[PDB]
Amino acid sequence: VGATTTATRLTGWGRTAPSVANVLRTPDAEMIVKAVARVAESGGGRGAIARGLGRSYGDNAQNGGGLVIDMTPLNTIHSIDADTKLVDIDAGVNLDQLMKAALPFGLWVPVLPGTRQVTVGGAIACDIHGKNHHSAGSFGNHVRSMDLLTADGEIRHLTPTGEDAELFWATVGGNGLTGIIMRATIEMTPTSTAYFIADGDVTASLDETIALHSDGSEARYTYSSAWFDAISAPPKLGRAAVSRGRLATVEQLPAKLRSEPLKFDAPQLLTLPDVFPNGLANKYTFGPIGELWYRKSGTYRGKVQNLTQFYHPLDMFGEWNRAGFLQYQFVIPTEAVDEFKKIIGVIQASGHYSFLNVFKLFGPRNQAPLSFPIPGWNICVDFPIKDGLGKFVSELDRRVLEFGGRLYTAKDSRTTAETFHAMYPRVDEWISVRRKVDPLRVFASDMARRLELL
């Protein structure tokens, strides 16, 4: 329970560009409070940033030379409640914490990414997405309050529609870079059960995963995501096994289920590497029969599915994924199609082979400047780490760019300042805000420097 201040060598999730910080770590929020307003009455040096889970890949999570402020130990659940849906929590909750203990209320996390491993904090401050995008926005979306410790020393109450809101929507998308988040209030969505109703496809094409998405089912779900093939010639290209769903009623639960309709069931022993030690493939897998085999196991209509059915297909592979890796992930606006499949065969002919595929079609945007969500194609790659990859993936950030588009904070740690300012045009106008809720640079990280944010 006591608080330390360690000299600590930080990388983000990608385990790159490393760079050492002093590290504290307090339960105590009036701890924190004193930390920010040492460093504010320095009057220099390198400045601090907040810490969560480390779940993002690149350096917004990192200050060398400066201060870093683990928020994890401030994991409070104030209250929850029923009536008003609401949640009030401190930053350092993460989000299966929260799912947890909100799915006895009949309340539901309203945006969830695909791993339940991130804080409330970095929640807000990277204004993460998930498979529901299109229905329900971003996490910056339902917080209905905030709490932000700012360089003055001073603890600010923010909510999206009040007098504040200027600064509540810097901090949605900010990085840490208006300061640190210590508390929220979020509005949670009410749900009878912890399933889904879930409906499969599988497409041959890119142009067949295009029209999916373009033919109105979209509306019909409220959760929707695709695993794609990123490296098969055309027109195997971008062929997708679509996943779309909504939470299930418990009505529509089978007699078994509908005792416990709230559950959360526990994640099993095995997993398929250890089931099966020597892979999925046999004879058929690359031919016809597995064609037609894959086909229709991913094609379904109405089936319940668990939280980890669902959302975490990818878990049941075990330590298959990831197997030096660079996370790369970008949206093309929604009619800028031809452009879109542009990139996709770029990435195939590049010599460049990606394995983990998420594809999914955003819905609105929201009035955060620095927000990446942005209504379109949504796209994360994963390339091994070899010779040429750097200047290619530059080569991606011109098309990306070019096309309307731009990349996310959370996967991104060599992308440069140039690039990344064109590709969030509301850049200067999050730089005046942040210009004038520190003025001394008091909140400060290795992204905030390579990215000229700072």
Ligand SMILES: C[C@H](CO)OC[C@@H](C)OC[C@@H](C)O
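Numbering follows the first chain given and starts at 1. We call the rigid core whatever largest set of C-alpha positions still superposes within 1.5 Å between the two forms. What changes on going to the form deposited with this ligand bound:
- In a core superposition between the two forms, the Cα of 294 is the only one among 353, 227, 294, 105 shifting by 2 Å or more.
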Second form
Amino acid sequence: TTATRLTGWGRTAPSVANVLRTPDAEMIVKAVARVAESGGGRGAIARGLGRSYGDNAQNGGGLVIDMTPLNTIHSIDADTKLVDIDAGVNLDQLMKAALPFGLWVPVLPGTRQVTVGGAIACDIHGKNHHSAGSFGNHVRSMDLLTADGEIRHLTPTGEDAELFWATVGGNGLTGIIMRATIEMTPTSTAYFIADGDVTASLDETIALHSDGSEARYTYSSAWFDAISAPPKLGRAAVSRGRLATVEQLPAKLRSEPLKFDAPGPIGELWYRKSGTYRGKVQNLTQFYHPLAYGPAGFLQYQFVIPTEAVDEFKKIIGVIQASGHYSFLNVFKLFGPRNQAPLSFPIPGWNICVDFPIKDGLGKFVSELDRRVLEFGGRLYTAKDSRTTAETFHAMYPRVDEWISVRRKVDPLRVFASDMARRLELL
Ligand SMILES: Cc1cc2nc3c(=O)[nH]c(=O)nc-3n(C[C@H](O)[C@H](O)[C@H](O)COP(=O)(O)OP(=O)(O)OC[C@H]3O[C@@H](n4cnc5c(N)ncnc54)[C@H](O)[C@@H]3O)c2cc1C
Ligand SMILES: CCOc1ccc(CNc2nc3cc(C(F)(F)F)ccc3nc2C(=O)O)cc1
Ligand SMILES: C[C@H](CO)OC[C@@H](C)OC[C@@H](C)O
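Could I see the form deposited with this ligand bound next, after the form deposited without this ligand?
Time for the whole complex; same chain goes first.
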């Protein structure tokens, strides 16, 4: 309907597309039919809230279907723990709606501004990955509008399970998720009980994550230093916890356990001695979400290295700090077991997101990082990428051919297409 210039969150690789934006599900069905009618052409991609940094929710010279008007919560059930929602409902909306039922969104990323469609398509992960897996693990069914114009009901097992698992992490390339049922996590409060620790070095950070203590916490992540020289390199502030029960709340908060409330060298000493603490009761915002639009001069880079390749992980961190590219915003987490989605990002291992200001030599440097990540058995995350190559990506994802095989069965005429799909030869 409306021609619009589109970028991801990273404000990079702009491309103009025809954007459809309607709450009418049948207009969406018809729009897809029109693309298949004179198709494939440049095809169509779904788009949620545009929070992926890269080019997966854009389609230069083709159609983009903005899914955010499709935002109905159909039902929430405390007995079965199931929510039935349109793919355009966002996680903030869902979190608020589900709390009074004693239910918790089972996987929450670092912003609540993502759609359910976006969460499935990038198979997102959170602080609780090591205990809960990623978003795809909790989908009980979804309705997918496929290239033929049919809406397929998909489930994680049984008939069409292959297509379900291709859609999880599928970056919108199997079709348009219209609706889904998610199994929620039961909770008696909206609060976490948290332990904080501060480490002096990378070795001590790795030791903390390898000593077995991760088994005591359902939620775990850390900020880490990627700028100091060794041994300060890789020191971290670690925050770990679990959902609080009602009696763990200060008496004052007990009447309303499920309410979500409204949002130098001296700096280091404070951050360090007070960064260590035990059994601190924290609301969702303080434990997780300190909370606009993201700046334009930064490259987001996220990769995971297999748990066993720990020496190799230490080497990549060393390479980063000696590069003359400086990142202050650095997340670190140890992932748990992967799921069965062929293109799912998380594997067990050392997960890092760094944020580099765009300077001369950055592009070629991150290409060298790609090489290292690949060599050591790791991979990068599509939701954060706009610049890796088809060659590197296919090698990072050993089940890519399996996934492409599914994609071609469900979309032979390439009705579904994006800038990422062409760049990474997934089309
Ligand atoms: C500040 C910030 C913090 C973040 N933290 C995390 C984190 O902790 N963990 C993590 O895993 N990710 C994180 N992300 C990335 C984010 O979770 C993903 O990029 C997510 O997919 C974005 O959701 P969206 O609705 O904005 O989707 P978009 O960016 O609009 O789309 C992303 C992909 O989803 C597809 N898609 C969207 N809706 C549909 C649909 N209805 N049917 C089919 N396909 C669809 C699109 O085609 C596209 O391929 C973060 C991003 C930001 C900006
Ligand atoms: C200064 C802007 O404010 C913010 C807003 C959000 C954040 C946290 N963001 C993230 N947390 C993340 C947390 C994890 C996790 F799960 F904890 F390991 C993984 C990826 C993450 N990616 C981002 C991101 O920015 O892409 C940091 C700062
Ligand atoms: C997808 C990936 C191959 O690069 O496989 C993940 C391996 C390391 O982990 C196994 C799961 C069950 O924990």
